[PDB]
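In what follows, a structure is listed as structure tokens, so that the remarks can point back to it.
The other protein chains are all here in position, but one chain of the complex has been omitted.
For clarity, chains are labelled A and B in written order, and residue numbers in each chain start from 1.
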Amino acid sequence: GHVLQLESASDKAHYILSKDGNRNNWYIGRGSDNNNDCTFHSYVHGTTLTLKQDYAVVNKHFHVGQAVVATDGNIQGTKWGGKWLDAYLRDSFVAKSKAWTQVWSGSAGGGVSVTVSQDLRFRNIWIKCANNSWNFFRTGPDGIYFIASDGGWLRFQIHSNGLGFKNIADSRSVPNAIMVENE
Amino acid sequence: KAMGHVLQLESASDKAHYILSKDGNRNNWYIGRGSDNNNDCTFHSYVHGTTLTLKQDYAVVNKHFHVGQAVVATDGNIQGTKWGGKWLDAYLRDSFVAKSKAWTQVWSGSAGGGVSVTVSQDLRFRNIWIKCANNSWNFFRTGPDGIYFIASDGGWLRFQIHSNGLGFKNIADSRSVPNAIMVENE
Partner (left out) sequence: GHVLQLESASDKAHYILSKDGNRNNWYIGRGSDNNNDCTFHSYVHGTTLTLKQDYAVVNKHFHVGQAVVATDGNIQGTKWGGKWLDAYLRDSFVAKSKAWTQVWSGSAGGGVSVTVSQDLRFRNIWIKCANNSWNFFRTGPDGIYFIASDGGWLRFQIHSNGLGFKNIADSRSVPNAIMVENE
């Protein structure tokens, strides 16, 4: 069992420094006087690990195998399908946007199909028909849906990959506007 | 003639072998194999009690780890600018709809035509259930303050969310007087 002992005066720096040619290249240890931070530092790369009082720190992005923890707190890895976490989250989970957007307004009587400005499949929508009220519906895929909307009822179709909205038939309940919840 | 250089330290593989720095007789830091019969390699500040260790299947720091200014905390939380300067747990809670599979009653009473009531939560963009006739729940998802309609059990109810989601008004109903509102938990 062996120890290579480095000794300095109280509170004075002590580190191991490597120089290649004329160039300071890396060092490890206690780089400054009156300071107990211990550092492993590449002078050439300017890349550094420091052991500090209440935490350890690297001054650049940090990889774990090929995974990346970025200096902005983002994470990239195969678990996130190779995406950055922020994009994986956006794509995987329903946004708590608490906001809505009009995708069409006008008038769509029985048999009338209209174009809407977003893919309305698996969306929260509200359809205004009679009496200036909003009728909630959540759609699935392209298909035929029914709502007992203000005025009577509306049987409607989502088609064209969510970009078509058609009034199949209604009773006294003609759609004149559609909101969708923001994603 | 120039070669790679090695400072070779020769020692029994099964015994501790490390470089120790002392300032004024005080153990300050060390690097290397700190214990006998243990191949873990450590970079350790005695003064700070802060440590990096290379173990068999992982590397480990014993305190919060900063990447630039971002922080990976010992509880697995992450703070950084990408999360708006929030901790990830809070960014997530604020950004995505909770799969709470739970609900809470926010009003009980009886609100006939023209009657408005105050509810204990902001009912905007919420999953709600209104009980009217026949002891059944009628689902609705609200948008902002506004006028809504549901052909609720009994007939129908035209209602208003107002006062920044804190007011619920029965505009008109046909045999369908609301007496309870549940909200899905956030």
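Keep this in mind: a residue touches a chain if its C-beta (ideal position, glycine included) is under 8 Å from a C-beta of that chain, and two chains touch if they have at least 3 such contacts.
Checked against the full complex, the candidates A:49, A:103 or A:179 give a single residue touching the omitted chain, namely A:49.
Only one residue from B:27, B:35 or B:39 touches the chain missing from this view: B:39.
Only one of B:97, B:115, B:117 or B:166 touches the absent chain when the whole complex is considered: B:97. Where chain A meets the chain that is not shown, the touching residues are 6-9, 12-23, 25-26, 28, 33, 40-42, 44-45, 47-49, 58, 60-69, 75-80, 85, 89, 91-95, 121-122, 137-141, 143-148, 153, 155, 183.
Residue positions on chain B in contact with the hidden chain: 2-13, 17-19, 31-33, 39-41, 43, 52, 54-65, 72-78, 89, 92, 96-103, 127, 129, 134-139, 141, 151-153, 182, 184, in rising order.
Operating definition for what follows: only the chains that are shown with their structure count from here on.
Mean C-alpha positions place chain A and chain B at a centre distance of 14 Å.
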